[PDB]
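A lone chain, given as C-alpha cells: the form deposited in one PDB entry.
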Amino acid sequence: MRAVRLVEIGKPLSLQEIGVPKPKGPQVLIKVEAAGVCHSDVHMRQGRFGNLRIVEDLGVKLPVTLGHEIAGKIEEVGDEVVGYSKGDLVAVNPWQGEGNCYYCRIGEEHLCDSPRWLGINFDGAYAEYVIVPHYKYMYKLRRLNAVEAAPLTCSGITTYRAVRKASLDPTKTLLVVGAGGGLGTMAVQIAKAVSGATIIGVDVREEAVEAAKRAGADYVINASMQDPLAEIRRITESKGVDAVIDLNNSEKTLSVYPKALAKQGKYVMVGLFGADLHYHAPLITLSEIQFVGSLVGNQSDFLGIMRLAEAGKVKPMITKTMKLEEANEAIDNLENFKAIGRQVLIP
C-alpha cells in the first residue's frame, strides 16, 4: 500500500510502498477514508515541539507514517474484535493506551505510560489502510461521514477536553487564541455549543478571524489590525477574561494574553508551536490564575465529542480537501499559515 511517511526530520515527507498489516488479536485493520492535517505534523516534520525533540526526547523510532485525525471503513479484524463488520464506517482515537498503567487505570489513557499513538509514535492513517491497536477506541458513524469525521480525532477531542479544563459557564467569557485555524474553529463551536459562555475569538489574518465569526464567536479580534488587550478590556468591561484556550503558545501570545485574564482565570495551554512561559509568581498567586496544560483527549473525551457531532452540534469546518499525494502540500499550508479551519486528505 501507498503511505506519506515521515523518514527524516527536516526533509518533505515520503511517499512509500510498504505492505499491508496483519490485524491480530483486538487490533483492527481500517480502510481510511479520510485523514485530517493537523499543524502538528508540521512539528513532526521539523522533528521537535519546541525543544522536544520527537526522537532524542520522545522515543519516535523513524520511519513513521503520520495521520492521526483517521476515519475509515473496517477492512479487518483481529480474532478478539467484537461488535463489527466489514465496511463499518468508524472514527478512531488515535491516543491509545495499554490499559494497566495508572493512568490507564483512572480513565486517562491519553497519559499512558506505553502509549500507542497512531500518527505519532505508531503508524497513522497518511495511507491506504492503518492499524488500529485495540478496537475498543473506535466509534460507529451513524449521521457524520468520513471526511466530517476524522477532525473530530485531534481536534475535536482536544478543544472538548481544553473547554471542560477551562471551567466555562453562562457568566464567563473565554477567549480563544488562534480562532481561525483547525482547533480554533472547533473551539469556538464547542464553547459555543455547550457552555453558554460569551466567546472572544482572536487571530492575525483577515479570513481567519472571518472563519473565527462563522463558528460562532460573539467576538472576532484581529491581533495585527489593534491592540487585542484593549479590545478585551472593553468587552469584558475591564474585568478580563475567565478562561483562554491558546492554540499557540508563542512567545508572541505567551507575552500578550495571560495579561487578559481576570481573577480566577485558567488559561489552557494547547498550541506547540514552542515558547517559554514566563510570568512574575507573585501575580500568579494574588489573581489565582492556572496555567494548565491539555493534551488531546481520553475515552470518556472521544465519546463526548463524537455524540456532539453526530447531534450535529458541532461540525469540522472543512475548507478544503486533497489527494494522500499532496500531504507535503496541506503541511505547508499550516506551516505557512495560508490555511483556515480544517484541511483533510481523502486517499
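The term rigid core refers to the maximal set of C-alpha atoms that superpose within 1.5 Å between the two forms. Numbering follows the first chain given and starts at 1. What changes on going to the form deposited in another entry:
- The only C-alpha among 321, 287, 290, 300 that moves by 2 Å or more between the two forms, given a superposition on the rigid core, is that of 321.
- If you fit the rigid core between the two forms, you'll see the Cα of residue 312 move by less than 2 angstroms.
- Core-superposed comparison between the two forms: CA of residue 251 displaced by less than 2 Å.
- If you fit the rigid core between the two forms, you'll see the Cα of residue 264 move by less than 2 angstroms.
In place of the form deposited in one PDB entry, the structure of the form deposited in another entry is requested.
Below you will find a single chain and nothing else.
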C-alpha cells in the first residue's frame, strides 16, 4: 500500500510502498477515507511534537507514517473486537494510552507515560490503511462523513477539553483569543453549545472577527481597531473575564491577555509553540488566578466532541480535500500560512 512517511528529519516526507498490516486481538484495520493535516504536521516533518523530539524523547525508530486526524471504514478486525463490523465508518481517537500508568488508571489516557499516539510516534493515516491498536478508541459515524469527522479528532477534542478546563457556567464570561481562525471558531462553537457562558471573541483581521461572530460569539473585538483590554473591561463592567482560552501563547498574547483576567480567572494555554510566561507571582496569589495547560483530550473528551458533532450541535470545520501525494504540499501551505481551511487528504 502507499504511505507517506517521515524517513529523515531534514528531508521532505517520502512516499513508500509497504505491506498492509494484519490486525490481531483488539486491533482494527481502517481503510482511510480522510486524513486531516494541521500545523502540528509542520513540526512532525521536523521530527518534533511541541519541544519533544519524536525520536529522542518519544522513542520513535524512523520511518514513521504521519496522520493523527483519522476517519475511515473498517477493513478488517482482530478476533477480540466487539461492537463493530467491517464496513462501519468511524472516527478514531489517536491519543492512546497503555493502561497501567497513573494517568491511564485515572482516565487521563492522553497523558500516558508511554503514549501510543497515532500519526506521532505510531504509524498514522497518511496511508491507504492504518491499524487502530484497540477498538475502544473509535466512534461510529452516522451523521458526519469521514472528511467532516477527521479534524475533530484533534482540533475538536483539543478545544473541547480547553472549554472544560475553563470551568464555565452561566454566571461567567469566556474570552477566546484568535477566535476567527479554525481552532478559534471551533472553541467558540463548543463554548456556545455547552456552557451558557457569555462568550467574547477577539481577533485581528476583519474577516476573522466576522467568522468569530458567525461561530456564535456574543461579543467580538477587532484588536487592530480597538483596545482589547478596554473593550473587555467595558463589556465585563470592570470585572475582567473568568477564563481565557489562548490558542497561541505568543509573546504577543501572553503580554496582554492575562491582564484581562478577573479574580479567580483561568488562563487556559493550548499552544505548543510559544513564548515564556513572565508574571509577578504575588499578583497570582492576590487575585487567585490560574495558568493551566490543556493538551488534546481523553476518552471522555473524545466522546463529548463526537456526540456534539454527531448531533449537529457544533458544525464541521471548513475543509479542502487533496490527494495523499500532495501531503508535502499541504504542509508547505501551513508553513507559508497560505492554507485556507483545514486540508484533508483522501487516499
